[PDB]
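Engineer: Now for the letters of each chain:
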Amino acid sequence: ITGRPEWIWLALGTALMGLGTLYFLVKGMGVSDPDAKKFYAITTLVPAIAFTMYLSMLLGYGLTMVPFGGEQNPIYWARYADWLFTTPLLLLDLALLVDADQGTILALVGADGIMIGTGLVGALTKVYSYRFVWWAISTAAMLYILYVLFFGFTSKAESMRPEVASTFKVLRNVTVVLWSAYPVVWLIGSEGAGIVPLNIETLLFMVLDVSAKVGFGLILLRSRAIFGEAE
Amino acid sequence: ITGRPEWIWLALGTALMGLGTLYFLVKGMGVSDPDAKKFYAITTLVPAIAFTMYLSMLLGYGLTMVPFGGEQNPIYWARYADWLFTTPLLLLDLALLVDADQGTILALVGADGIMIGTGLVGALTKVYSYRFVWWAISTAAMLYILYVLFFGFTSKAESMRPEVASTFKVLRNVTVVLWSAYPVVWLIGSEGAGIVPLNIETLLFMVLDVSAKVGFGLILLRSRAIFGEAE
Amino acid sequence: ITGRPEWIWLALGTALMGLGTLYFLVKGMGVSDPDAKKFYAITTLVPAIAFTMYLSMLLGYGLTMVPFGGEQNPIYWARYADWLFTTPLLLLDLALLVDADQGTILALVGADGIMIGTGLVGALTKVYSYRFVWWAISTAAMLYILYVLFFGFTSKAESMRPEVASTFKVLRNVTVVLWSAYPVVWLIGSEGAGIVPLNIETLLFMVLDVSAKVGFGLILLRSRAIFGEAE
Ligand SMILES: CC(C)CCC[C@@H](C)CCC[C@@H](C)CCC[C@@H](C)CCOC[C@@H](CO)OCC[C@H](C)CCC[C@H](C)CCC[C@H](C)CCCC(C)C
Ligand SMILES: CC(C)CCC[C@@H](C)CCC[C@@H](C)CCC[C@@H](C)CCOC[C@@H](CO)OCC[C@H](C)CCC[C@H](C)CCC[C@H](C)CCCC(C)C
Ligand SMILES: CC(C)CCC[C@@H](C)CCC[C@@H](C)CCC[C@@H](C)CCOC[C@@H](CO)OCC[C@H](C)CCC[C@H](C)CCC[C@H](C)CCCC(C)C
Ligand SMILES: *C/C=C(C)/C=C/C=C(C)/C=C/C1=C(C)CCCC1(C)C
Ligand SMILES: *C/C=C(C)/C=C/C=C(C)/C=C/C1=C(C)CCCC1(C)C
Ligand SMILES: *C/C=C(C)/C=C/C=C(C)/C=C/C1=C(C)CCCC1(C)C
Ligand SMILES: CCCCCCCCCCCCCCC
Ligand SMILES: CCCCCCCCCCCCCCC
Ligand SMILES: CCCCCCCCCCCCCCC
Ligand SMILES: CCCCCCCCCCCCCC
Ligand SMILES: CCCCCCCCCCCCCC
Ligand SMILES: CCCCCCCCCCCCCC
Ligand SMILES: CCCCCCCCCCCCC
Ligand SMILES: CCCCCCCCCCCCC
Ligand SMILES: CCCCCCCCCCCCC
Ligand SMILES: CCCCCCCCCCC
Ligand SMILES: CCCCCCCCCCC
Ligand SMILES: CCCCCCCCCCC
Ligand SMILES: CCCCCCCCCCC
Ligand SMILES: CCCCCCCCCC
Ligand SMILES: CCCCCCCCCC
Ligand SMILES: CCCCCCCCCC
Ligand SMILES: CCCCCCCCC
Ligand SMILES: CCCCCCCCC
Ligand SMILES: CCCCCCCCC
Ligand SMILES: CCCCCCCC
Ligand SMILES: CCCCCCCC
Ligand SMILES: CCCCCCCC
Ligand SMILES: CCCCCCCC
Ligand SMILES: CCCCCCCC
Ligand SMILES: CCCCCCCC
Ligand SMILES: CCCCCCCC
Ligand SMILES: CCCCCCCC
Ligand SMILES: CCCCCCCC
Numbered sequence: 017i018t019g020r021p022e023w024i025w026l027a028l029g030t031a032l033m034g035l036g037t038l039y040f041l042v043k044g045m046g047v048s049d050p051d052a053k054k055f056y057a058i059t060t061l062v063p064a065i066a067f068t069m070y071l072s073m074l075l076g077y078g079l080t081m082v083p084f085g086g087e088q089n090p091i092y093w094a095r096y097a098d099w100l101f102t103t104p105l106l107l108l109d110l111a112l113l114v115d116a117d118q119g120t121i122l123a124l125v126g127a128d129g130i131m132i133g134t135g136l137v138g139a140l141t142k143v144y145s146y147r148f149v150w151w152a153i154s155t156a157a158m159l160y161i162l163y164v165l166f167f168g169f170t171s172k173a174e175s176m177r178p179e180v181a182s183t184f185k186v187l188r189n190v191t192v193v194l195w196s197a198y199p200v201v202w203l204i205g206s207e208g209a210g211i212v213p214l215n216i217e218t219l220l221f222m223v224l225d226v227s228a229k230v231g232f233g234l235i236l237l238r239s240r241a242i243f244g245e246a247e
Numbered sequence: 017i018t019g020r021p022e023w024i025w026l027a028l029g030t031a032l033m034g035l036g037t038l039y040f041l042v043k044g045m046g047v048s049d050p051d052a053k054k055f056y057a058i059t060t061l062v063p064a065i066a067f068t069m070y071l072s073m074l075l076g077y078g079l080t081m082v083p084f085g086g087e088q089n090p091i092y093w094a095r096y097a098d099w100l101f102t103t104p105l106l107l108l109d110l111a112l113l114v115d116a117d118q119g120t121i122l123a124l125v126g127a128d129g130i131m132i133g134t135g136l137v138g139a140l141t142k143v144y145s146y147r148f149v150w151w152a153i154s155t156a157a158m159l160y161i162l163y164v165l166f167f168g169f170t171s172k173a174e175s176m177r178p179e180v181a182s183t184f185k186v187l188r189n190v191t192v193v194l195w196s197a198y199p200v201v202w203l204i205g206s207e208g209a210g211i212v213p214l215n216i217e218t219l220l221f222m223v224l225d226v227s228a229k230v231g232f233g234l235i236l237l238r239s240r241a242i243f244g245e246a247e
Numbered sequence: 017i018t019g020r021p022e023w024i025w026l027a028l029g030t031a032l033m034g035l036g037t038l039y040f041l042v043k044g045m046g047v048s049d050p051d052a053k054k055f056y057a058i059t060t061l062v063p064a065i066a067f068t069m070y071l072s073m074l075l076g077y078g079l080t081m082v083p084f085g086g087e088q089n090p091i092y093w094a095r096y097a098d099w100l101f102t103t104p105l106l107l108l109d110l111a112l113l114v115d116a117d118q119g120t121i122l123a124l125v126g127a128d129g130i131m132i133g134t135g136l137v138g139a140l141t142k143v144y145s146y147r148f149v150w151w152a153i154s155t156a157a158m159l160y161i162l163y164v165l166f167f168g169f170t171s172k173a174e175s176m177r178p179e180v181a182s183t184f185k186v187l188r189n190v191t192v193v194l195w196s197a198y199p200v201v202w203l204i205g206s207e208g209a210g211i212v213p214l215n216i217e218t219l220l221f222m223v224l225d226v227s228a229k230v231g232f233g234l235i236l237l238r239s240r241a242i243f244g245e246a247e
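Residue numbers (full-length UniProt numbering), protein chains in the order written: chain A, 17 to 247; chain B, 17 to 247; chain C, 17 to 247.
Put simply, identical chains are the same to the list, so a pair is met inside one copy or across any two.
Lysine-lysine pairs mimicking DSSO-like chemistry, simulated, CA-CA at most 27 Å apart:
{"id": "1", "residue 1": "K185", "residue 2": "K172"}
{"id": "2", "residue 1": "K53", "residue 2": "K43"}
{"id": "3", "residue 1": "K53", "residue 2": "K185"}
None of these hints come from the bench; they were simulated from the model.
Modelling step: build the complete structure from the supplied sequences, incorporating the hints.
Structural biologist: This is the structure:
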C-alpha cells in the first residue's frame, strides 16, 4: 500500500468519509419527520459509497494501468464508480429541496450519467488525442447541469419557503464552484496532459470530494429546510 | 478509423443522433408544462445516449474481439450499453402516454432489462451453439413486452384522451415493427449465423436505431398528447 | 458442463427458478387490482433474473478464476449480478407491504447495494487477508438492513391491516433467517476460508436462493395482503 506516494491522501480520504458517514448516521437517529428522513438517507449514503471506493483505491483494487503516450499510466477507475452513484444523489438533494418537477430531475440525472460515463470512457481510452474528445463531451454535460441549477432551480427556490431558498442558494453556490474544479484537475492531471503529478492530483480530488460530500452534507443537515413546516 | 468498412455507417449514425439530440434540446426550450417536460426529458436523453455510444464505436472503444467458430469475431458491445438505457426510456415514453400503473411499468422495464442483458451475454458467449440459447431467452422477453404493449396498453389508451389514444397507437405500431427487426438482424448477422456481413449489419442497425429513436421522437414531440389538457 | 461436480446443483437451481417464474407468471394473469399487480411484477421478476444467472453459471459464462492463496480459485461472479437486482426487489416487496416512507426505502436499497457491491469486490480481491475486510463491511451493511426490518418496519406493520401485519411478520422472519446464512456460507466456502468445498457450497446457496425467492414468493402471493381493501 505504502509503495504508492499518493497512499497518504487515499488513507486520509477513507478516514474522513468513514467519519462523515458515522456522524450523519448518528445524527439522523433522532429523526421521524418523513421529509427529513429523505434528506438524511440521501446524504448519509453519499459518503458511505465514497468510503468504500476510497478504500478500494487504498488497497489497490480500484486502480488499473492504461497504455497511452507510450507509457503504462496508473488510472484510478474507482472514482467513476463512486461518482456514478454519488453525483446523482447530490443532485437529488438539491432537486428535492426546491420540489423540482419530475422531468427536470430526469434531465439532471441523465445528463449527470452522461457526464460520468463519458469521463470514464475518456479515462480508459488508449488513443491519447481521443481522451480529450470525451473530456469535452463530459464537460458539455456538466455545463448543462450547471445551467439548470441556475436558470431552472434558483427561480424555483424563490417561490418556496425562505429557509429552503436560502439553504438552496448556499448549496447551489458550493456545488457550482466545487464541481467545476473536477474537469480542470482531470485535464492537467495524470488522466489528461500530465502536468500535475498523480500524488498532487490525488490530494486535490480528496479535498474536493470531502468538501463536496461531507462539507455539503454538514450545511444541508443543519438546516431547518429539510423539515416539513410543522407546528 | 477508416480501416473498418463499416465506419461510414457508424459516422452517419453518430451525426444523425447528434443532430437529433440538438433538435430536441432546442425544441424543448420553450416548454413550461410539467407533463410535456417529462416527455422532452425522456425523449432528448435517448439520442444523446445513443450519440455517445455510436461515437465510442466509431473511435473503436466500443468494439471487442470474441473467439467463436475458430475465429476472432468483431463484436460491438457498446450497442448493449446504449440499449440498456435507451430501450427502457422508450418504453417509459409509451407507458406515461397511457398513464400505465406502476406494476405494469416495472414489468416492462424488468423484462426489457432481461432482454438486453441476455442479448449481451449471447453476444459475448464463446460456445457457438449457446449463443442461440441466449438469443431465444432474449426473444421471449421481447415477446412479453410486445404482448403487454398490445393487450395491456392499447385498451388502456382507448379510455384516455383521443389525442393520446391516436398518438399511442401510431407509436405502438412503429415500436412493434422496428423492435421486431433487431433479433432478426442479430441472428443473421455477425453475432449469429454470419450470413450478412458486418458492414451491412451495421447499416441495418443504424437505420433501425435512427428510426426507433429520432423517428419515434419526431412523432411524439409534435403531438399535443404530451401536454396536459389546459385552457 | 458436467466437468464440474457442482453442475448438478446449478442445473437444479436453474430448473426450480424457471418453474417458479412460470408459476408466478401464470398465477398473475388473472389480476387487475393495481396494488396486487405491483407485488406480482416485483415477485415474478426475482426468479426470472435468478433463472438467467443460474443458467449462465451452468453454461460456464458466469465463472471466473481468481488468484489467491497461490491457487486459481473458481469464483462464480454471476451470483452478485443476480443479487444486485433481486435483493433490492425482495426488500421492495417488504417495504411496499408496510407502506414504508421513501427515505426508508432509499436507505434500504442503498445499504443493500453497498452490501452486494462490497461482497463482489471481496470475491474478486487477490490479496487474501483483504477479502475478509470487504466481507466485514458487507456484513455491517447487512446488519443495518436487518435492524431496519425489525426496528423501523415491524412497528409500522402493526398500525396497518391485520392481514398485512401478519404476512409482513412471517416474511420478515423468513428473510432475516435466510439472509443471515449467506455471509456464513461465503466465509467458510471457496470465497473465504475454503473449509467447505465448492460443490457443497453451491448446494447450500441453491437451497437458500430457492427458499428466499420462490419460497418467499409463494407465501406473499397467496396472501390477501397484496390486494387493496375492496368490497
Ligand atoms: C439514464 C442515465 C443512466 C444514462 C447513462 C449515460 C451513459 C449511457 C453514458 C455512457 C455509459 C457507458 C460509457 C458505460 C461504459 C462502461 C464501460 C466503460 C465498462 C468498462 O468496459 C470498457 C472496456 C474496457 O475499457 O471493456 C472491454 C470490453 C468488454 C467485453 C465490455 C463488455 C461489457 C460492457 C461494459 C457491458 C455494458 C454494460 C453497461 C455499460 C453498464 C453501465 C456501467 C456504468 C459505467 C454506466
Ligand atoms: C430490473 C432489471 C434491471 C433486471 C436486470 C436483468 C438482468 C439480470 C439480466 C442479466 C444482466 C447480466 C447478464 C449482466 C452481465 C454483465 C456482464 C456481461 C458484464 C461483462 O462481464 C462478462 C465477463 C466477460 O464476458 O466478465 C469477465 C468476468 C469478470 C470478472 C466479471 C465480474 C464483474 C461482473 C460483471 C459484475 C456484475 C455487475 C452487474 C452485472 C452489473 C449489470 C451490468 C448491466 C449489463 C446489467
Ligand atoms: C445506490 C446504490 C446503488 C449504491 C451502490 C453501492 C456501490 C457503490 C457499492 C460498490 C459498487 C462497486 C464496488 C462496483 C464495482 C464493480 C466492479 C467489481 C466491476 C468489475 O471490475 C473490477 C476489476 C476487476 O476485478 O475491473 C478491472 C478494471 C476495469 C478497467 C474496470 C473499469 C470499469 C469499471 C467497473 C466501471 C465502474 C462502473 C460501475 C462500478 C458500475 C456498477 C456495477 C455494479 C456492480 C454496482
Ligand atoms: C463527490 C464527487 C463529486 C461531486 C464529483 C464530481 C465530478 C465531476 C463534476 C466530474 C466532471 C468531469 C468532467 C466534467 C469532464 C472530465 C472528467 C470528469 C469526470 C472529471
Ligand atoms: C434504440 C435501440 C433500440 C430500440 C433497440 C432495440 C433492440 C432490441 C429490441 C433487441 C432485441 C434482441 C433480441 C430480442 C434477441 C437478440 C438480441 C437482441 C438484443 C438484438
Ligand atoms: C436471492 C438471493 C438472496 C436473497 C441473497 C442474499 C445475499 C446476501 C444477504 C449476501 C450477503 C453477503 C454478506 C453479508 C457478506 C459476504 C458476502 C455476501 C455478499 C454473501
Ligand atoms: C482548480 C485547481 C487546479 C490548480 C492546481 C494547482 C496545483 C499546484 C501544485 C503545483 C504543481 C506541481 C508541479 C510540480 C510537480
Ligand atoms: C429485417 C431485415 C433482415 C433482412 C436483411 C436483408 C439484407 C439483404 C442484403 C444482402 C445480403 C448480403 C449477402 C451478400 C454479402
Ligand atoms: C449456515 C450453514 C453453514 C453450515 C454448513 C454445514 C455444511 C456441512 C457439510 C459438511 C462439510 C464438508 C466438509 C468435508 C468435505
Ligand atoms: C447510472 C446510475 C443512475 C442511478 C443513480 C441513483 C440515483 C437515482 C436517483 C433517482 C432520482 C429519481 C428520478 C425520478
Ligand atoms: C438496468 C438499467 C435499468 C434502468 C434504466 C433507466 C430507466 C428506468 C425508468 C424507470 C421507470 C420508473 C419505474 C417506476
Ligand atoms: C444497483 C441497482 C439498484 C437498483 C435495483 C433495482 C431495484 C430498485 C427499486 C427502487 C425502489 C424505489 C425507490 C424509491
Ligand atoms: C453556462 C451555465 C452558467 C453557469 C455555469 C458556469 C460555468 C463554469 C465553467 C466551469 C469550468 C469547466 C471547465
Ligand atoms: C405475442 C404478442 C403479439 C404481438 C407481438 C408480435 C410478435 C412479432 C414477432 C417478432 C419476431 C421476432 C423474431
Ligand atoms: C442487529 C439487528 C438485530 C437483528 C439482526 C440479527 C443479526 C443476525 C446476525 C446474522 C449473522 C451474520 C454473520
Ligand atoms: C493530443 C491533443 C490533441 C488535441 C485534442 C483536443 C480536442 C478537444 C476537443 C474540444 C472540442
Ligand atoms: C450451432 C447451432 C445449434 C442450434 C442451437 C439452436 C438453439 C435455439 C434454441 C431455441 C429453443
Ligand atoms: C415467456 C413469454 C410469455 C409470452 C406470453 C405472455 C404470457 C401471458 C402473460 C400475461 C401477463
Ligand atoms: C488471513 C486472514 C487475516 C485476518 C483478517 C480478518 C479481518 C476481519 C476484519 C473484521 C473487523
Ligand atoms: C473510523 C476510522 C476509519 C478509518 C479507516 C480507514 C483509515 C485507513 C487507515 C490506514
Ligand atoms: C453536429 C454534427 C455532429 C457530427 C459529429 C460526428 C460525425 C463524425 C464525423 C467524422
Ligand atoms: C421448464 C424447465 C426448465 C429447465 C431448463 C434448465 C434445466 C437444465 C437442464 C440441463
Ligand atoms: C465548502 C466548504 C464547506 C464547509 C463545511 C462547514 C460546515 C459547518 C456547518
Ligand atoms: C418510422 C419512421 C418515422 C418517420 C419520422 C417522420 C417524422 C415526421 C413527423
Ligand atoms: C422458507 C420456506 C418457505 C416455504 C414455502 C412454502 C410455501 C407454501 C405456501
Ligand atoms: C462520530 C460519532 C458522532 C457522535 C455524536 C455526535 C452528536 C450527534
Ligand atoms: C452566499 C453563499 C456563498 C457560498 C460560497 C461558498 C464558496 C465555496
Ligand atoms: C461560479 C464560479 C465558478 C468558479 C470555478 C472555479 C474552478 C476552480
Ligand atoms: C439543430 C438546431 C435546430 C434549430 C431550431 C429548429 C426549430 C426549433
Ligand atoms: C396507423 C399507424 C401506422 C403506423 C405504421 C408505421 C410502420 C413503420
Ligand atoms: C406487427 C408486424 C411486425 C413486423 C415484423 C417485421 C420484422 C422485420
Ligand atoms: C407451471 C404452470 C402452472 C400451471 C397453473 C397453476 C395454477 C395457476
Ligand atoms: C411466525 C413466523 C415464523 C416463520 C419462521 C420461518 C423460519 C424459516
Ligand atoms: C433471527 C435468527 C437468525 C438465525 C441465523 C441463522 C444463520 C444460519
